[PDB]
Every structure is written in C-alpha cells, then in structure tokens.
Amino acid sequence: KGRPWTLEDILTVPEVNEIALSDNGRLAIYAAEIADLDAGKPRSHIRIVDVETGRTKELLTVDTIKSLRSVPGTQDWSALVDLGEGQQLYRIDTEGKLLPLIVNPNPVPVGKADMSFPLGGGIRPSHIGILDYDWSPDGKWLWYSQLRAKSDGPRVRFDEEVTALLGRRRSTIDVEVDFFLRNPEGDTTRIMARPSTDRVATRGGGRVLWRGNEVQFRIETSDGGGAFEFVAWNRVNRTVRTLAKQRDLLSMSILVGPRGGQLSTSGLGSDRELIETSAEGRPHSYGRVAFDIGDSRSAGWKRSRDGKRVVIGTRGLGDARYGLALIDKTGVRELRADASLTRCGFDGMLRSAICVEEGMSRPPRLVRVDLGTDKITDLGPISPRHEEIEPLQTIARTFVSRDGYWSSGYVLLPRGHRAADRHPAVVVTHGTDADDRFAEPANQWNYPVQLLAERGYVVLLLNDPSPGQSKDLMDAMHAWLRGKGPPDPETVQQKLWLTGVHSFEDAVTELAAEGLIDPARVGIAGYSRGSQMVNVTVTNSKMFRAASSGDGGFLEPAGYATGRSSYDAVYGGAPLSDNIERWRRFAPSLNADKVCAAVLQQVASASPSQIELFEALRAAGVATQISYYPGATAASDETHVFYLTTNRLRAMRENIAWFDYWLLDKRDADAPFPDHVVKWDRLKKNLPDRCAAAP
Amino acid sequence: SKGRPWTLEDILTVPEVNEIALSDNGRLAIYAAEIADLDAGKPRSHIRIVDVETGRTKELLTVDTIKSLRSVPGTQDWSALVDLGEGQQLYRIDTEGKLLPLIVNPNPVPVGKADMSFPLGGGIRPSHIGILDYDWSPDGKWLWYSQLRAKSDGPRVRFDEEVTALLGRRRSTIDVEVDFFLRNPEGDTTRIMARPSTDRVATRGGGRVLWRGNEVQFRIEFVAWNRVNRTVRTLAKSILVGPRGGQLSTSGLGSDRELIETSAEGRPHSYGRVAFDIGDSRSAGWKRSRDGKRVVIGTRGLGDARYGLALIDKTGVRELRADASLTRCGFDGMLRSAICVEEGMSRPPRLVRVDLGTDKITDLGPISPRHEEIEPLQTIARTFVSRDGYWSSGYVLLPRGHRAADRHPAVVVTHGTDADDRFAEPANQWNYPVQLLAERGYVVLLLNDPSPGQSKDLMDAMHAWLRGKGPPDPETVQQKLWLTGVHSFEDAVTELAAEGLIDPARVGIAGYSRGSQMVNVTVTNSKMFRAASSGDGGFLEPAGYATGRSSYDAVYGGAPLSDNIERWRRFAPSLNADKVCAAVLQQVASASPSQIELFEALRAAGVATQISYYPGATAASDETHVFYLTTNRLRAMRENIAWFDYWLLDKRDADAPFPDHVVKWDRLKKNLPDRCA
Ligand SMILES: OC[C@H]1O[C@@H](O)[C@H](O)[C@@H](O)[C@@H]1O
Ligand SMILES: OC[C@H]1O[C@@H](O)[C@H](O)[C@@H](O)[C@@H]1O
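Those protein sequence lines, which keep their order, are chains A and B. If you count by the deposited numbering, then the first sequence holds residues 30 to 253, 256 to 726, one letter each, in order. If you count by the deposited numbering, then the second sequence holds residues 29 to 249, 261 to 276, 284 to 723, one letter each, in order.
Here chain A stands alone, though its shape is the one from the complex:
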C-alpha cells in the first residue's frame, strides 16, 4: 500500500548532477547527493553501474564531486572530488576505486566564510585545490587551473575598489588564477596567471579548445565596453596569443549543430522554430518543434566526433517534461518517454546513452537508452526509500488569467482525498521550476509540499507566466537584463510582476469554482523569484491569508546601490531621484499599508533589503516574523538553498506551524520554536482595523 511522507523523506531526496559513461558504454558511474543527518550536510555517494547487467555497486561517499568525465585513451574516469581536505582532481579506475591525480598542497578558502574568497557567488564554504580541468582528445595532455591565495600586505584601496566593498558581511581574501598544462612526460608548466576580476577564470567548467599545436581557452578582462577574449598557448614554441572577437566563437560555443552553426529556438506561441545559424549568418531551419532548448535543467548538449549527430536536452511547451532530441542533416526527431530525462551521459560515438528517469509523482530511476532504436530499458532505482512511499496524487494543469497569459504548474491533492472536498490551499511558486521532476529543491525549497498534502492541504505549484508565450512579456525581460527601456518601467512592473498576481488569483478562483479550495484559507510561499511574487501579491492582493518569503530583498530600495542596472528597468532610476513616486506605488516596503496577511521571512543573508521589509511591515501593524538561519559556525554563513540539515528541517517545520496557525488556527507544541505561538497571538490581537474582514 505504501507509507506517507515523513519530513525526512523530503530532506533525503537525492540529486544526481554528475553522470558519466564509458567510451564503450559497458560501464558507467554517477554520484547521488544525499542529505546526511549525522554529518549535518549533504554527502555524495559514488556508485558504479554495469549498463549491460544492470547491477550497481557503491564505492565511497565524498563531500563534493564535480566535473565527472571519462579519461580518453583509457577506461578510467576523472573527477574533482573533496574528501574533506579540499577539492582535488582524482582518477577512478575501471574497477571502481579512486586514486589521486593532481593535488594542490595549498587549497584556498571559498564561499561565504571568514577570510575566504567569494568564488561562486555564495556557494558552500570549502577549500579548492583544483578549480577546473580538461583532457586532450588523445588523453596525453592535461590542462588544469588552481586557485592561489595572494600573499601580500593589506593595501590602501581606492575609488572603484571601495564601492565593491559596500555590501561586505565578512572578511575576504584576494587570489589569482594559475593555468597549468601537463605534457605526456608528466612535466607541468604554468601557462599564465589571471586576476580575480576575471569571472570566467574563477568560475570553472569552461570550454577549452585543443587544436593543432595550440590549446585555447577564454578569459575576461576589465575592459570588455564589450568583446570576446581568448588566449591560445602554443605547445611547441611555448608562447601565448590574444584573440578579440565581436561575435563569439562557435568552436568554443555550446549548442552547435551538424551544419556547424549555432542552434536556437526562435519565435513564440504554440511552438518554436529550430534553426541552425551559420557563422556567416544564413539560417537553416529544421522545422517546427514543440520544445525549448539549452536549459541547464535538461540533459545538456553533446556532438559526435564526426560532427554529423548532436543530442540536445528539450523541455516541451506545456507538459514541462524534459527529454532528448536527435539532429542530423535530415532533420530533428524527438524520442518519447513516459517520464522526464534530466541528467544524461553518452558514449563516444553518440549511440548508447544512460539517463536519470525522473517524474513529479515518481522517484528518480536509472535508465539505459538506445538512441538508434529509441528503446529505453529500466535499470535499478536510485533511492529505494522514496520508492516505498505511496505516490501522492499530482495533476498537471495550465491556467489562463484575466490578462490572457497562461501559467503552467501542478496541483497536489491531499492524502485520502475524495471528490467534491474543500481544502485549504498553499501556493508555492519559484520561476519556471514547476515541471516534471521529482521534489526538486530549486522549486519547493524549504516548503514541505509533500507533507502539507499529507496533512490535508491542497498545494498549488504554479510557475510564473512563461515569457515565451508573448512578446509583451519577453520585451519586458529584455529590458530587465539591459537595464534600460523600452518598454517603460510602469509596464515592466505589470508584465514581470503584477500579472503574476492575477494569474495566482485567477488560478485559485477557478479551483474554488471546482469546489477543491476554500478561498477563506489560502496562502502563498516562494523564495528568490518567488519572494518577489509573494511580496508583490500580498501588497497588491487581498486573497491570501498568510505568506512566507524565503531569502528575498529584491525590489526594495535598500539594495539599489548594488543592483542599479537591475532596478533601473523596473523603477526608472534611483529612489531619491525624480522617480521616487515609481518606488512608492510598487516597492513592497513602502506599500506595507496595503498588506493584510501573515508575512514570514526565512532569511540566510540578513540583507538590508530583507530587514527593511520587516521593519516596514512591523511598523504598519502587519503580523510578521523574520527568521535568520545561521551557518555551521559564526565564521560561516548559510547558502541561498540551505545546505544544513538542521536549518532545512526547522524551516520546513516553521512553515508548517506558520500556515497551520494563520490559515487553520492550529497550534502544535512540538513546533521548532515553542514560545512563538504566544507571540503570534499578540500579533493577531494587535492587527489594525484596516485588516478587518469584509462585512
């Protein structure tokens, strides 16, 4: 029959971002990131699979594993793993054991921590011995880069160097990036050194071109006005070159097709056009396609060795299901599957492939795909403990709003649900991330969607209106990234934000007409992008009784000086400029007078924008609470997506108690912070008369 959803099952759901296949397709290897209670943070369980037999063997558990590839010229594998001493390049033999490949004796601190380097924009605090690596096609040469802490005295900084320190919450160290090359004889020389201002050099995972006597990779300099800059290292003369191009290089570009040109999906509406644009600019169309292209949530892209076949990850329109598409000179062909294929890996000749089969109602599984016959065979499950959970009832629905734009998403029915039953509702929204995938933390975050359903809630997971359905939305997006118009700021607020409030309202009213939702008790929750939507809805809508905004702060005037270009499209200028009235009408901090609801903030960054929303809401009589979740120690911080099991479990349980209280008038003694329920009773009695219910 199955068992219900425990909160720990939401915490222990695995994530597979790394999967690789042998050049002969006989064996494969992957890693499942699982939250560990004893360690308090996620660990990656490395497993080896025999694709022919289907049997799997577990090898080890590391802290992190990244850039998992098969070593050319051998049957072995290479990866960047951290055993707890810092991330180094390791080799994994065909028998499933790992040994060091290149070890940096002095890894540098990275992430949000005291005296670390802000590398990946607030990733986990750790040490990086080896940053990035790539094999030559023959496997003889090895290219790798590693971070080197900058040993130097504290120096007087100046004009632009001070303003970059505006938002510093902790101590930082400066570094440089060293690039090395390893000949077949085992001797390594340093190619060049790049500063910290080079953002492609510090990011890693970049492209590198092995051609002729040269090895080529891309770099960024302070100037690029704008341009594309590359450096080529001659393996013979041992010299360097500098390339500057107006248009980016296709050889170093992702998503290239059999013709050799860039792939894109243009147009809007019911479907898109898949075109291949040559470097000279003449397009080649493969016809009409039902999917989008090139999403990091898809299987990525790979091209064969002859260049006549490519495989691209596809997210279809309206089914929000990830899949594969095959492209040769004849044309595009999709391949059907009952579920979505998110993370994949491919052989050398691009014939056999292995993928992670994922679904909204089904847990991740491993599958082998024969790309010639479009035949997939089921391998063993990934997480068996989620396979024993009885599947919740999940319905995929698209809603149309009063402004004509459609919003996709899913509907979670409570356990034991009977037809024609009214239930309270919780709306969880982050970006486009409601799709066919299993309990993706990038969507539901700390909101226990599956647990809310077990307790009788109807959870509505609803995406933002897809900007690709209309040029009105997409033109506002293009103005958002450009930092200028057209269109004007008043329209940017309508299409990017305010129309989502209508899509949320009109989705609840429609389901209320079905008899599935009690409009009296309903709530909205989201983080990041969803935080903006939550904060804009509760200001511009009276429909929602309670709300939870995870780690927000965009659209508030406090964070302007950091994000000017992102704010200028929305508000048309600075808060104290002549655009001040544009800030008063929209920004939620100044509009708190319009807020009647329970607004809870779960905040890891303690930013001045998150604080300004709380003080403005609290000073207006609104019932509100802010929760600052800390790092593993006072020296570190918490990431955007919480990596600490203790902060995840409580935030989940804090949302359970927050919505059970305001929506359902339900109080629990085993709640994570007991003395709060009396504080919320005081927040209820002190509510303003403005918030009185309709007569």
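Calculated directly from the structure, the hints in this document are not laboratory data. Be a bit skeptical, because a hint or two may be false.
[Said to hold, decoys possible] In silico DSSO-like pairs for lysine-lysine, Cα to Cα no more than 30 Å straight-line:
(1) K86(B) to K515(B)
(2) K179(A) to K710(B)
(3) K276(A) to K573(A)
(4) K126(A) to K95(A)
(5) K70(B) to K86(B)
(6) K697(B) to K716(B)
(7) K179(B) to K710(A)
(8) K86(A) to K333(A)
(9) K169(B) to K126(B)
(10) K715(A) to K697(A)
(11) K515(B) to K625(A)
(12) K70(B) to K179(A)
(13) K406(B) to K333(B)
(14) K625(B) to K515(A)
(15) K179(B) to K70(A)
(16) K95(A) to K30(A)
(17) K333(B) to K126(B)
(18) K515(A) to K716(B)
(19) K716(A) to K697(A)
(20) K126(A) to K179(A)
(21) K276(A) to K339(A)
Starting from the known structure of chain A, arrange chain B with the ligands on it as the hints suggest.
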C-alpha cells in the same frame, strides 16, 4: 640654536599620556607615554617612574597598552591594567618599578574591530581582554574586578529584533557575558554575578563602584552585594560632586558663568562669578578628597581655551594660574600635591608638580626631548565672529619664515571644539600634518565650531539633535548646527584675506568625523574653498538612516522616502553633489555605505573626488576611527599634502605615496564640468 623644522615622524611620534598617578606620600609618581613605534607599526606605552622632588625619571619597560593606573590604598605599590601582547590582565607595579601580576585570566576574549571578536565601542584596536575593570577597597584589602567571558553556545537562529540589529555588520562577532568577582584579603576570589552583553556599564562602563559597610555597591543597566551573607540585593532609590555633597554645575551663558553646587534636594549654592567652563573628558577630570572638604576639577577657559585646575572648598573657589594647559594630573588622596602634564599649542609636553596649598608650579622637565629640538612655529590665538553674531575660536598657524605683507595659501582644519592649548593633539588635526603645511608655506587655520554655550539658539538645537526630535524645526537644526559654521568659516577666510594674510584663490578645508560633516556641508553650500578632505565621515547621508534613525529624525524630520524627502534634497551632501566645484578627498577606515554614496554621487556629478580606504594590520581586522597603524596615518598625511599641493598649488612630487594618482588627478581635473571654471 634656533631649532630644526618639523617632520611627519615628529607629528606621528608626539606622545600622549592618559595615565598618571601619584603616591599618597607625594614622593613618587608614575605615568606612561604612548608613542608610535615604527618597528611594531602600532603605538606602545612607555612606563616611567618619576622622583617628584628632583624630576629624575627612569624607564621601567615598554608595554602595548596600559589603562587604569592608580595607587593601591594600603601601601606604596601601584596597580594598572596592562597588556604585554598576551592580552590585558591586572598587574601590580612594585615600589622599585617591577611589574608583577595580580589577576590573570587564562581565557582572554578577543575584542575590537576584527573577526570573531566582541564590539565594545568607545574606541579600541583589536586586542584580547582578560580583565576588564577593577577597583580597590578603600583600605586596600578587598579586590573587586570585572572580567569578560565568551559565551560558548553554538550558532542559533535569530528573530525579529535580533535580525534588524545585524543590519550594519561588516564582520563576524561573538557574544560574551561579564562575570564580576570579589577577592577577599585572604587571597580567595568568589564570583558575584553574570550579566548579558546588553548591559553597557558592564561592558564599556567606567570604574564607578561604592563600598558601604560590608556591601559592595556598583551600577548595572544600582545593586548591592553583601560580602558576608553572600546575598545579592537591589538597593533602594555619583560624580562631579562638590565639597557639600551635591552636584556641581555651570549655569548661565555668554563670556562669563557662575559655579553652582545643587543641594541633594535641589537648594542651589553659588561659588561666585567664574571665568571657565566645567571639566571635559580632556581636562584633569574631577577628584574629591576622602576628607570630603576638598575638591579639584579640570577647567577650560573661554577666552584662553586653556585647561587648568579649580580648587573648591568651604572657603570658596580658587583658580590656579598656569602659563600653559594642564591636561592630565595625578593627585594624592587628600588633594595636597599633584603632578601634571603641561602643554600648549607651541609648547611640548612637560611634567610639573603642583602644591595645592601655595599654588606653586615646579617644572620637573620635559617628556619627549625629540620635540624640544623642533623650533616652535608661530601660533596666534584668534576668535572670529560670524555674520550671525556667533563667534568661533581657534589658532592661526603661520608658515615658516613668515614676514610682513606676505600672503600664502590656506588650509582649514576643524573638529568640534578641539582647537585649544594642547600640543599636536591627534583628536583635532587627525591625519592632517598641520605643522608640515606651515613648513611648506601654507597658512593653517585651526578653527572650531561656534562655541555652543554662547547662545540659547545653538544649545536648543544641540539638545534637539541629541534628544532625537524637535523643537526646534529641522530647518533650524540644519542652520544652527551646520550652516552657520560654514558662514563662520567664510567670514573668517575673508577677514584674513582682507588683512593681507591668505590668498582667497588657493584655500582648502579639512576635517574628520564632526569636521567631515562641516566639510561636506561647506563644499555644497559654499564656493570659497578649492580643495577639501573629509576623514571617516558619512553622517547626514541617507544610507545611514536605517541605523542612526534617532540622530537623523531631528535634522531631516524623518525617513528619506517619507514626506520629508524634500528636506534631505536641500541639505544632505550626497544629494547636492552638483553644487560642489571643489576637490573632495575621503580618507576612510570604515568603508561604510554612507561614505561610498557621497563618493559615487560626487563622481556622477563630474566633481573631482577620491576615496582612500586604509586597512587594518590584517584582512581580519579593521582600522580605528583614529588611526592606530603607523603606515596608514603616515602616508595619509602624505596624501593630504599631495592632494592640496596638486589642487591648490598645482605642485607635483614623487614623494606621493601612490604615484598612479597624479596622472589620475589630471584626468579628473580635465573632465571637470563647465559649471566650475
Ligand atoms: O563531455 C561529454 C561527456 O559525456 C559523457 O557521457 C561521458 O561519460 C564523458 O566522458 C564525456 O566527457
Ligand atoms: O606656569 C608656571 C610656571 O612655573 C615655572 O616656575 C616653571 O618653570 C614652568 O614650567 C611653569 O609653567
């Protein structure tokens, strides 16, 4: 021998003495001089013992920091809070000068501005504190000391009022508790209380504690503790106390005042018409004899701007005649003899002993012989009255080799009223080498804000700024506290320029903190100054409202986004950036959002501006509001010289600490908007 000119290292190494003590027998005295060490990069205190009759001094040793230097009541020894580099502990000084420890905390907690420390305040460099405060029982047996204990609880999720307090955090911190201990004469220490960090008098608080019978009574944020019963008690419902047991006050205003001792229930008593103001924190302070019949207070004259001593008793008030200012003074218990530090604007620090009976001053010799070598600079005490009738006092510093009819450029240095008779006070001239500029040909005018005690208009505005709300009007608070000082600066410059002293074409203004506000407001509301520098500023800017709300609400009436938005736009210097045709340099240790905003606003307006951010000894520690690092304040003096010489004098040098700037300044000068020419 006339002497030798000044040097940056002379200004840097000027000693300052905050600790001086005298034995109850008056025969021996001990003090400590804080001097900047080039080798260590930070200042170090030199403990010195003095023979009060002869003036003989010998060097005991050199320590990092020494505080709370006093004499033990029971014997001829001494006790002080000393940090040898292992953290600040409680040390006893032998009668022969040797140092032996008394209370030593094996677990000193880190404090200061730095990573994973505790942010005390006042001002502090990153350091470890084993023992915080101490006091002796009046008989010298029982010992009461305060130490700082780090709270070991793990990281906790914070909540509403806790999170908004983390708004302005630039680093990691720890939370601590204070433990109060009591040491019996038999050598056993027992713990009394434990108090949270929220208590200020227990964290940065002073030395106020009272012994009554068997009870030790100290203040918390009043409580009594019995040494016998071992029981705490919150007692039922002092400082600057005269001989009659009441509060001492100075009432009235103008150029003359009247001493008042208010009776316990408020019956006033006048000691007569008096020529000074009450003792500031920079004066000799206040001390009362255990007899209760003699009280000595530090004084500050009005016309003299000099520090001194006033001795009051049942007879009356006596004003001690001194040719220079007496800043820090050690005393005996009965207030009979005193050893003081004598200094002036042109007068290097000296040691003098004072007999309070006969009011005779006796020179015990200089302090630093290095500054005795320097030939003095001409310093004229001058008072400028503005167009509004308010007067401001200061010193006119003439350049080396100044003759009649000669005119020179000018630089105005202002902090609060810190311009008085004192020798190279770092709290006034800060990082501006006021003495070097005179050697280089400048005419430096050190001018204070208009003396607030001269009018009821100013004192009401200062009261409203401190209270946090009106009356008076926000527009009057802007005019009385700030804009009327710009008029005082303007009228003072015109007074000297008409007299044939300074050239109006080349003149500049410099200041830090309170002087930065007066620099930022002056360059916006006045065109008379070509160049400017503002140290460690950022007040009056909109970025700091969410922290300093209480301070801003009186000036602007409310938040910048409220209906008072128009009040900010007329005044706040970052919003006026297009009114500034001068060159604005910012020397900044805090890298605060209010200082960056003023820079980005001035740069967006085409104004020539630069912000120099000076770091700490490590990336894990910051630099204090007053620079304690030798390298930082050494080239900061060089930067101001290079800044004013380029803009005012159009002079270049390779001695500039940053050679890349002189070219960058050419680009900034060339891109100046058409408004300025
Ligand atoms: O880069 C493409 C990757 O495809 C994967 O399927 C292979 O296992 C890797 O060896 C290869 O690097
Ligand atoms: O002002 C009183 C003066 O008395 C003289 O006897 C001393 O030599 C001076 O040092 C002192 O300043």
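Outcome of the hint check:
no.: 1; hint: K86(B) to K515(B); in the structure: violated (54 Å)
no.: 2; hint: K179(A) to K710(B); in the structure: holds (26 Å)
no.: 3; hint: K276(A) to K573(A); in the structure: violated (53 Å)
no.: 4; hint: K126(A) to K95(A); in the structure: holds (16 Å)
no.: 5; hint: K70(B) to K86(B); in the structure: holds (23 Å)
no.: 6; hint: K697(B) to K716(B); in the structure: holds (16 Å)
no.: 7; hint: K179(B) to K710(A); in the structure: holds (26 Å)
no.: 8; hint: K86(A) to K333(A); in the structure: holds (27 Å)
no.: 9; hint: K169(B) to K126(B); in the structure: holds (21 Å)
no.: 10; hint: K715(A) to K697(A); in the structure: holds (14 Å)
no.: 11; hint: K515(B) to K625(A); in the structure: holds (28 Å)
no.: 12; hint: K70(B) to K179(A); in the structure: holds (24 Å)
no.: 13; hint: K406(B) to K333(B); in the structure: holds (19 Å)
no.: 14; hint: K625(B) to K515(A); in the structure: holds (27 Å)
no.: 15; hint: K179(B) to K70(A); in the structure: holds (25 Å)
no.: 16; hint: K95(A) to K30(A); in the structure: violated (38 Å)
no.: 17; hint: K333(B) to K126(B); in the structure: holds (28 Å)
no.: 18; hint: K515(A) to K716(B); in the structure: holds (29 Å)
no.: 19; hint: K716(A) to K697(A); in the structure: holds (16 Å)
no.: 20; hint: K126(A) to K179(A); in the structure: violated (35 Å)
no.: 21; hint: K276(A) to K339(A); in the structure: holds (27 Å)
The structure fails hints 1, 3, 16, 20 (numbered hints given earlier, in ascending order).
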